[PDB]
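Okay, here's what each chain looks like letter by letter:
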Amino acid sequence: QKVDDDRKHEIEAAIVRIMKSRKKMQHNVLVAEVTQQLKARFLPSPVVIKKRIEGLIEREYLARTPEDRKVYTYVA
Amino acid sequence: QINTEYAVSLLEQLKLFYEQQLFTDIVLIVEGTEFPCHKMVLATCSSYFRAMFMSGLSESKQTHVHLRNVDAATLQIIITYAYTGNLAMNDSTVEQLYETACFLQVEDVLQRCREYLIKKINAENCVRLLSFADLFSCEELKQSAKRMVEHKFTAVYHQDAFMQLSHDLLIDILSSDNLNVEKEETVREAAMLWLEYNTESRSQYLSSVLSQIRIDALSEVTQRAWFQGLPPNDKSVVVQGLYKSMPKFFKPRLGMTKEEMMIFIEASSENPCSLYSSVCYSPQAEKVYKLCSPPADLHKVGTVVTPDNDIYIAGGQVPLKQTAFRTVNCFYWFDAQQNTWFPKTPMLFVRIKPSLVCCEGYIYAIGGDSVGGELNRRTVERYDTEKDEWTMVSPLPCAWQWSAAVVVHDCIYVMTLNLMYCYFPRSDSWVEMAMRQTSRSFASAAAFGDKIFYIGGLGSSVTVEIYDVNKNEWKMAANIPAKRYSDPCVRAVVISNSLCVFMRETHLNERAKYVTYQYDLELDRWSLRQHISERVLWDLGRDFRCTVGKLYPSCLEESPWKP
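Going down the list, the protein sequences come from chains A and B. Residue 693 is where the first sequence starts when you use UniProt numbering, and the numbers rise one by one after that. Mapping of the second sequence onto UniProt numbering: residues 8 to 328, 341 to 477, 494 to 598, in sequence order.
For the record, the hints were derived by calculation from the structure and aren't laboratory data. Among the hints, a few may not be true.
Calculated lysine to any residue pairs in the SDA-like style (CA-CA distance at most 25 Å, straight line) [to be verified]:
1. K712/A with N240/B
2. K242/B with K265/B
3. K715/A with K585/B
4. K518/B with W449/B
5. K715/A with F361/B
6. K470/B with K762/A
7. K715/A with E405/B
8. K715/A with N507/B
9. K712/A with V412/B
10. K406/B with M452/B
11. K585/B with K242/B
12. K715/A with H428/B
13. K716/A with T359/B
14. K712/A with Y164/B
15. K506/B with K762/A
16. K716/A with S446/B
17. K731/A with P414/B
18. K265/B with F361/B
19. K716/A with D429/B
20. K762/A with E38/B
21. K506/B with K694/A
22. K715/A with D403/B
23. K715/A with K406/B
24. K731/A with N507/B
25. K712/A with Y381/B
26. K731/A with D503/B
27. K716/A with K518/B
28. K694/A with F734/A
29. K712/A with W360/B
30. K762/A with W352/B
31. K716/A with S226/B
32. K712/A with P416/B
33. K716/A with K153/B
34. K712/A with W449/B
35. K68/B with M711/A
36. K716/A with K242/B
37. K715/A with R345/B
38. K716/A with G468/B
39. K712/A with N507/B
40. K406/B with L394/B
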């Protein structure tokens, strides 16, 4: 459980550190990049990352609006 | 000559009469819109109104004519052009403008809109423009559409308007020997998908479309697929195609004749009439094919080859009409088949030796000794290959001279003596990069994979500093083994999925020697890939540039010159 939480923060920190200076995704564009960056770390775990990326929409700092998946907020 | 003052006075007085409606006798009735005008102006401009009034028909004395199958805005703009000579042409109404010009046979505006469309031809409207030129007879537009459609569509073959094309037009397109395809199977599947757009509306054309494609694919797969889509119990097509592919012996096309070649510009002109010429080296054919001269001997220019294998020329200077040279911001595009430079939209500022870099379909020209020289003497500008226009981008924070730029990871990497800045197209910003430990200039860099290889610098030397985008650091690999007491001319380029170098060396009291080396990426060593014999390649000079591209040996001609 501890290492699962470790992976949970490891993916979120990477996605908030990298995607602030990169482009946006439509359906499955940036997930390939985030899995490649963590290819040497552990398994991609597609279901876990898919379930966790959609939890940040509840507030600011790149909410990543699902319905309006055409332009992401490049703000802080 | 005719007095221009009285001509313009007469024209402005007639336009005043038109605006004020004094001497109007004939009114054009179009979809309930009144168009009071005169007969003299209409007769002088249009060739249909001269046959509408001076014909003796019922409309000769009638003062109200119901002109149908026309548009109000198009008629209004045609009338205002006939009354003042101003033809405001946008990017949308040119289609109906040409339609109405062919409806009035107004050669004056017909020529103007033909020129506008010959300038506007691009990838996303190529098939539409070709269909338009097929609907209305226009040989110049038809030929330009033929060429551009062939190239861009055989590159793309995905336009929606391609399905709705006449049979004769498709027969002309497919049977032509100007198609640009790396393989003969993509045209086959394009024809198959066009045929399967309908079922019985294309059955009669099935026997003709297969008559223009080579029989190398007329006996392999995509024959049973047509049988699947065949109308039921039709025994006049299966047995027909079964015994039909006897003629049309397989002949290779022209699109499969592209080879990775090194394009050279501003080479030593063999004839003294020209100051500089352009040649090309064949890494496979081991020959030197001549290239067309730069437009108006445009010297001090820059080259770029897009991933779509397109050559462009920007900036440069022309000798003004002894030292005499004036800088012009003209832009040109090279035709890979016609062996000529087609003019394009010029830039905003003139440049000398610009760095042309392609990224995301945009052509980026960074620096190049601009005329302005204001506080933003480092202003860079991109080019739109879709809208055919230039747009300014975020300026380079530091002013640099004699610099080079490459594109890696969808970003622009411009290099100077010791500094480097990366441009982000998504955010339009510049970010500081790693600093080199050696002060070298007058060098070139080649982008191979995800690494930047700054080769040479200052004549030049054999110093190599390899930069990694993922690592963000400058590291040394080795020095190129060359003859001592010489001045090699290094040229970094990517060829055959490997980093090779075009290095010309000159010894003391000896002529220049041409030789290329293959740099081993993992072994950090330059291996002798091929030695260029002097029997085919002569001296090129010092200010010559090299680039990676593909050209057709058939369209080009061998340069006649003694070894």
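Evaluation of the provided hints:
1. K712/A with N240/B: violated (63 Å)
2. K242/B with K265/B: violated (42 Å)
3. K715/A with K585/B: Given pair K715/A, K585/B is violated - Cα atoms ~31 Å apart, limit 25 Å.
4. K518/B with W449/B: Given that 25 Å is the threshold and the Cα spacing comes to 40 Å, the pair is violated.
5. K715/A with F361/B: The hint is violated at about 35 Å.
6. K470/B with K762/A: violated (31 Å)
7. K715/A with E405/B: holds (21 Å)
8. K715/A with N507/B: Since the Cα atoms of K715/A and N507/B sit roughly 20 Å apart, the hinted pair holds (cutoff 25 Å).
9. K712/A with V412/B: holds (21 Å)
10. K406/B with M452/B: With a Cα-Cα distance of about 33 Å, the restraint between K406/B and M452/B is violated, given a limit of 25 Å.
11. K585/B with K242/B: violated (47 Å)
12. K715/A with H428/B: holds (12 Å)
13. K716/A with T359/B: Violated. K716/A to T359/B sits at ~41 Å, over the 25 Å cutoff.
14. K712/A with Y164/B: Between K712/A and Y164/B the Cα gap is close to 36 Å, so the pair fails against 25 Å, i.e. violated.
15. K506/B with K762/A: violated (31 Å)
16. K716/A with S446/B: holds (11 Å)
17. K731/A with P414/B: violated (37 Å)
18. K265/B with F361/B: Holds - the C-alpha atoms of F361/B and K265/B are around 20 Å apart, at most 25 Å.
19. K716/A with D429/B: holds (14 Å)
20. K762/A with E38/B: This hinted pair is violated, its Cα atoms lying about 43 Å apart.
21. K506/B with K694/A: This hinted pair is violated, its Cα atoms lying about 31 Å apart.
22. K715/A with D403/B: holds (20 Å)
23. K715/A with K406/B: Satisfied, since the Cα-Cα distance of roughly 23 Å is no more than 25 Å.
24. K731/A with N507/B: Distance ~20 Å between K731/A and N507/B Cα, so the pair holds.
25. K712/A with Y381/B: With Cα atoms ~24 Å apart, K712/A and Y381/B stay inside 25 Å; holds.
26. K731/A with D503/B: With a Cα-Cα distance of about 19 Å, the restraint between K731/A and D503/B holds, given a limit of 25 Å.
27. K716/A with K518/B: The given pair, whose Cα atoms are some 51 Å apart, is violated under the 25 Å limit.
28. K694/A with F734/A: Holds. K694/A to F734/A sits at ~15 Å (cutoff 25 Å).
29. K712/A with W360/B: violated (43 Å)
30. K762/A with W352/B: violated (34 Å)
31. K716/A with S226/B: Status violated; Cα separation ~47 Å.
32. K712/A with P416/B: holds (22 Å)
33. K716/A with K153/B: Violated - the C-alpha atoms of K153/B and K716/A are around 38 Å apart, more than 25 Å.
34. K712/A with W449/B: Cα-Cα ~15 Å, so holds.
35. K68/B with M711/A: violated (75 Å)
36. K716/A with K242/B: violated (55 Å)
37. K715/A with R345/B: The hint is violated at about 42 Å.
38. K716/A with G468/B: holds (23 Å)
39. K712/A with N507/B: holds (18 Å)
40. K406/B with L394/B: With Cα atoms ~30 Å apart, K406/B and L394/B exceed 25 Å; violated.
Checked against the numbered hints listed earlier, the structure breaks hints 1, 2, 3, 4, 5, 6, 10, 11, 13, 14, 15, 17, 20, 21, 27, 29, 30, 31, 33, 35, 36, 37, 40; every other hint is satisfied.
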